[PDB]
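Asker: Residue-level listing of the chains:
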Amino acid sequence: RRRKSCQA
Amino acid sequence: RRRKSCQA
Amino acid sequence: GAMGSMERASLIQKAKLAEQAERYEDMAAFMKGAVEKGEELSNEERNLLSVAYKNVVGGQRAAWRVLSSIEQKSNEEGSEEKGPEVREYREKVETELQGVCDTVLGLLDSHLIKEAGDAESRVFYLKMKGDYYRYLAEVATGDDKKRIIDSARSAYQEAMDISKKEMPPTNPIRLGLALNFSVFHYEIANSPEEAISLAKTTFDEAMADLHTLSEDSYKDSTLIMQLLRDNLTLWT
Amino acid sequence: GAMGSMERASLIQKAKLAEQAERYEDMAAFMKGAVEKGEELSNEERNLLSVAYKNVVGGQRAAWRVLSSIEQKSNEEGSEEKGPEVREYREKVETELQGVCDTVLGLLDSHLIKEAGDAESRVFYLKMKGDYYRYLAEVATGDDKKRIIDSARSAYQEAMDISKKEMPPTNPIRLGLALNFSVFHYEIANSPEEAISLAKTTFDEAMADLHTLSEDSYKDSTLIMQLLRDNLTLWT
Ligand SMILES: [Cl-]
Ligand SMILES: [Cl-]
Ligand SMILES: [Mg+2]
Ligand SMILES: [Mg+2]
Ligand SMILES: [Mg+2]
Ligand SMILES: [Mg+2]
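Protein chains in written order, with the entry's author numbering: chain B, 175 to 182; chain B', 175 to 182; chain A, -4 to 231; chain A', -4 to 231. A prime marks a further copy of an entry chain.
Just chain B, same shape as in the assembly:
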């Protein structure tokens, strides 16, 4: 599970 950055 890859961490979230500000993407759609």
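Treat the hints as calculated values from the structure; they're not laboratory data. Note that beta-carbon positions come from the ideal geometry of N, C-alpha and C, so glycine has one too. Check before you lean on any hint, since a few could be wrong.
Result set (DSS-like, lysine-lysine): computed pairs, CA atoms no more than 27 Å apart in a straight line [said to hold, decoys possible]:
(1) B/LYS178 - A'/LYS140
(2) A'/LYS11 - A/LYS87
(3) A'/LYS195 - B/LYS178
(4) B'/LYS178 - A/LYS214
(5) A'/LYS32 - A/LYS77
(6) A'/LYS87 - A'/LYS77
(7) A/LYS32 - A/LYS109
(8) B/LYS178 - A'/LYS11
(9) A/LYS32 - A'/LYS77
(10) A/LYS11 - B'/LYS178
(11) A/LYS160 - A/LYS109
(12) A/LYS214 - A/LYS195
(13) A'/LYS87 - A/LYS11
(14) A'/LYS195 - A'/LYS214
(15) A'/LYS77 - B/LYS178
(16) A/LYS32 - A'/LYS87
(17) A'/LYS68 - A'/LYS159
(18) B/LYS178 - A'/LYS141
(19) A'/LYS87 - A'/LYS68
(20) A/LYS159 - B'/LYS178
(21) A/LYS87 - A'/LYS32
(22) A/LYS68 - B'/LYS178
(23) A/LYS11 - A'/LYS77
(24) A/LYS160 - B'/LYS178
(25) A/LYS140 - B'/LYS178
(26) B'/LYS178 - A/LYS195
(27) A'/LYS140 - A/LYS77
(28) A'/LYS68 - B/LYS178
(29) B'/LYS178 - A/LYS141
(30) A/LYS87 - A/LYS68
(31) B/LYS178 - A'/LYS159
Here are some chain A residues the structure puts well away from chain B'; computed CB gaps all over 12 Å [claimed, not checked]:
(32) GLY(-1)
(33) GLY33
(34) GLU40
(35) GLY73
(36) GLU83
(37) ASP139
(38) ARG148
(39) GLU188
(40) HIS206
Based on the hints, put chains B', A and A' with the ligands in the right spot on chain B.
Answerer: Below, chains B', A and A' with the ligands alone, put in the same frame as chain B:
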């Protein structure tokens, strides 16, 4: 539903 | 060109890396450089060439279809005039797509096809020639459109004739060729009955030959047979 | 450059078409041309600029991570020597990624940031400056690495200071900035506790302000809050 051509 | 200084084996290695990274434009450029070394391609290398370009053009074609649909809506009665931008951008994508098709056709003509003597390689390259003319035909609207369509038809027909004589009906190249020629008949040549007949005959002849195959070959052939079945279900 | 002859409004229109066609390289080129017209960008236009470049660099970064993992495996004990190709191709992708980051940073410096006076626009551009330095930091291995990291930190910190003073804690730009600065702390600055603290404080302050929002604003803010929660769940 789009017809199939030779693709993966 | 730009790949002239790189070793053939390094271009192949980098094409495989580009595939793993889903960098299909790079993959196609590496495989173009490999072809331009002038040696014939192995089975694996032909697969890399086709995968690379079919992914590049596949993305261009999908974009072209989006833009074409927008343009068509803009020409419907009651649609506001928004200027030349939609047409201009569709034309830009179209010209880029045509350029890639011309590049592939140029590699086939100089000199992949003329050096291909084994049935597998010759059929593979003639299938590709039909496909890239078919992609040109998808966007053609002018006075050479009939000749583009006939170029696709002629390449497919030669590939079909060789494949029927020299390859078993379960061969994956033969099956993929028949799938694509059937699509050509359905949506390029306005011949849905020919498309359906070809898909059915190809499916049934492959079915009858499955008993000769190993488990792994059976899996390869049935995968493409399912694509033929998908089209038959859509079209009937 | 190449967009100098196209009207600003046509570049914006084509950027929107390119987005619909998922042609993000084109979209970024159109938005670069629009920025270079020299006028400030509207809220919608800033969104188009960021969407375009974040998709271009996002694809390059994903490819770089694939190639970096292959390269790292090639340097493990017992791995066969395969020549310089993996490193060369990773370097090629890396150089292209750095070029795009430098392009974005150049647009921000000439002259988007200096002309941005409203909190929303200034925070947005400073967030972008932090992000593109962060992307440079992801691939940096040399003597300027600490300065690249400090450039990202400084841009994020100025954006945070403005956002805290001038914008509500539910503002989507403030929330996306805090999400990205928290990721910076976690995986660039080796400060997981700071990353966790920032994500938690941002989430909780946004939660407390949701009662002030319309249904549509509530949906926008809670979407980004869920990204903060996703990271907190991953990291704790
Ligand atoms: Cl255009
Ligand atoms: Cl390279
Ligand atoms: Mg030969
Ligand atoms: Mg034979
Ligand atoms: Mg101003
Ligand atoms: Mg305010």
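Asker: Against this structure, judge whether each hint is valid.
Answerer: Consistency of the hints with the structure:
no.: 1; hint: B/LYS178 - A'/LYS140; result: holds (23 Å)
no.: 2; hint: A'/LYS11 - A/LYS87; result: holds (15 Å)
no.: 3; hint: A'/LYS195 - B/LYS178; result: holds (14 Å)
no.: 4; hint: B'/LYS178 - A/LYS214; result: holds (18 Å)
no.: 5; hint: A'/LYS32 - A/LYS77; result: holds (21 Å)
no.: 6; hint: A'/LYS87 - A'/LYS77; result: holds (17 Å)
no.: 7; hint: A/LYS32 - A/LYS109; result: holds (15 Å)
no.: 8; hint: B/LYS178 - A'/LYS11; result: holds (25 Å)
no.: 9; hint: A/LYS32 - A'/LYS77; result: holds (21 Å)
no.: 10; hint: A/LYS11 - B'/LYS178; result: holds (25 Å)
no.: 11; hint: A/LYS160 - A/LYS109; result: holds (19 Å)
no.: 12; hint: A/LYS214 - A/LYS195; result: holds (19 Å)
no.: 13; hint: A'/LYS87 - A/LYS11; result: holds (15 Å)
no.: 14; hint: A'/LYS195 - A'/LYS214; result: holds (19 Å)
no.: 15; hint: A'/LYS77 - B/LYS178; result: violated (35 Å)
no.: 16; hint: A/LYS32 - A'/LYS87; result: holds (22 Å)
no.: 17; hint: A'/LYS68 - A'/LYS159; result: violated (44 Å)
no.: 18; hint: B/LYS178 - A'/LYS141; result: holds (24 Å)
no.: 19; hint: A'/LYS87 - A'/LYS68; result: holds (19 Å)
no.: 20; hint: A/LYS159 - B'/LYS178; result: holds (22 Å)
no.: 21; hint: A/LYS87 - A'/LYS32; result: holds (22 Å)
no.: 22; hint: A/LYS68 - B'/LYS178; result: holds (26 Å)
no.: 23; hint: A/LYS11 - A'/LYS77; result: holds (13 Å)
no.: 24; hint: A/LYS160 - B'/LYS178; result: holds (25 Å)
no.: 25; hint: A/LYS140 - B'/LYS178; result: holds (23 Å)
no.: 26; hint: B'/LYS178 - A/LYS195; result: holds (14 Å)
no.: 27; hint: A'/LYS140 - A/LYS77; result: violated (48 Å)
no.: 28; hint: A'/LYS68 - B/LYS178; result: holds (26 Å)
no.: 29; hint: B'/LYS178 - A/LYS141; result: holds (24 Å)
no.: 30; hint: A/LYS87 - A/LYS68; result: holds (19 Å)
no.: 31; hint: B/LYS178 - A'/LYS159; result: holds (22 Å)
no.: 32; hint: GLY(-1); result: holds (30 Å)
no.: 33; hint: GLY33; result: holds (27 Å)
no.: 34; hint: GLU40; result: holds (17 Å)
no.: 35; hint: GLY73; result: holds (28 Å)
no.: 36; hint: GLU83; result: holds (27 Å)
no.: 37; hint: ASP139; result: holds (23 Å)
no.: 38; hint: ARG148; result: holds (16 Å)
no.: 39; hint: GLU188; result: holds (15 Å)
no.: 40; hint: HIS206; result: holds (24 Å)
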